[PDB]
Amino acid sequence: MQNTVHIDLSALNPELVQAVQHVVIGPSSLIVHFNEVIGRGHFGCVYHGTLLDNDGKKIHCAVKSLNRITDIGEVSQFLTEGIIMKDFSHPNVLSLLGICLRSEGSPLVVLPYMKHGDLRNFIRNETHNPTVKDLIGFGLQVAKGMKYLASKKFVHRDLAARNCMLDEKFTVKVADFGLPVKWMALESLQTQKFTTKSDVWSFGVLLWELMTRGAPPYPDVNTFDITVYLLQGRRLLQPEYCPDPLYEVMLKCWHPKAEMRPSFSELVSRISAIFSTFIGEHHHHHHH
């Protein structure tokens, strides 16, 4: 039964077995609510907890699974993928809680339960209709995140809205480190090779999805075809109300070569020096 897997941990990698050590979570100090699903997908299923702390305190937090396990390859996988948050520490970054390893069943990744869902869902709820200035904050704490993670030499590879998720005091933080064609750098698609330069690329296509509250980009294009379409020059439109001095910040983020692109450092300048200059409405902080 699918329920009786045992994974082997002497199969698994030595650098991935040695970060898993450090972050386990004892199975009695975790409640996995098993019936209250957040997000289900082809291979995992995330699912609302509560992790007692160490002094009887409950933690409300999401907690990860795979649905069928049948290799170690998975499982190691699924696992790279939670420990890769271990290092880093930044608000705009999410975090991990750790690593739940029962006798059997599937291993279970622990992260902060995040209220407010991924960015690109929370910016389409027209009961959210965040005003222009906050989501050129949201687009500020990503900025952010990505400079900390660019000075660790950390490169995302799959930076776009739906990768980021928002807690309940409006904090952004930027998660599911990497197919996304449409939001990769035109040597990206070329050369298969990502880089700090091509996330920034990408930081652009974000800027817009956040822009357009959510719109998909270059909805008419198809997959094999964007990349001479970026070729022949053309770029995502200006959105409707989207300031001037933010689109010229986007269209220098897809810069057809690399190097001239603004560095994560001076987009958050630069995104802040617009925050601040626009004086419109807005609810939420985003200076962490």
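Residue numbers count along the first chain shown, from 1. Under this definition, the rigid core comprises the largest set of C-alpha atoms superposing within 1.5 Å between the forms. What changes on going to the form deposited in another entry:
Fit the rigid core and compare the CA positions between these two forms: of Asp167, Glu187, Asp158, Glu81, just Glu81 moves by 2 angstroms or more. With the core held fixed between these two forms, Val23 has its Cα displaced by under 2 Å. In the core-superposed comparison between these two forms, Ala273 has its Cα shifted by less than 2 Å. Once the rigid core is overlaid between these two forms, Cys253 does not reach a Cα shift of 2 Å, moving by less than that.
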Given for the second form:
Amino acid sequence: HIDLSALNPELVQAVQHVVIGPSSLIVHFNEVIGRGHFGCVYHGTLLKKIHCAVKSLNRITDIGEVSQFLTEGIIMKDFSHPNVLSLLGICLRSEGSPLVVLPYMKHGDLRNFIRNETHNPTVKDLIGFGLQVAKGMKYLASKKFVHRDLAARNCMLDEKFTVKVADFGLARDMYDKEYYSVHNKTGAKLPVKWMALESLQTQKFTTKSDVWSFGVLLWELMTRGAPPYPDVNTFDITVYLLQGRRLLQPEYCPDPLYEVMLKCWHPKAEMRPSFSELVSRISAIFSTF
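Based on the form deposited in one PDB entry presented above, generate the structure block for the form deposited in another entry.
A lone chain is what you will see next.
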């Protein structure tokens, strides 16, 4: 049972902006639509019935950990952009950690979508998805928000095939454990094959390290969801990058788009493009299609 009286009053006020009453939420706990380390995602209906995704945090039992997670993620309620996942609300109830209510994404995560052989997205399709992500990140960067886990698995596609940058704020979790490793300086599970060289070395994350991750995501898109560096052990990713080595150009990646990827992975963080620059560059590349 989570008591609001025990929680920081400032956090309580913030949360009370987006609270959903239990009687307004129906959750189908027999319908798992995603699985994270903090809890699963379930089909829900919000009430005018709205189809939604309900993210559990029930694996987080410590009040202090729940408090910290809410504190770090609540700013999500302040964001509004077509390429950024929105928050529908938070359901506080009698027993269990708060439920995070999110818009339902009919087409799931971007990586699974492009790996699906029946979909067979074209080069144009894939660059288009990449442009959408760049716009969402441009928005978050303008808000000084550092994502820290950008990757194709962490972007969702809605019913209109609009890409939402996701897995941040209250929606943050590890949804595919295979791509997080403890082989790094922090000893915690991190997406090391998406991380900028300086993040692996200094444990610090910035918008410019998000740009590095975006470069990897672009590579994911153009390979239709191939795993990066399949032949590089998690023990070796830092030295691999230190040696100046990088992901190779995908077969169906246009030369100018691979140039963009390489700029995203410049060893000097300040030498890498802003997301505003990336939107401009990728928009031009897309338009030639």
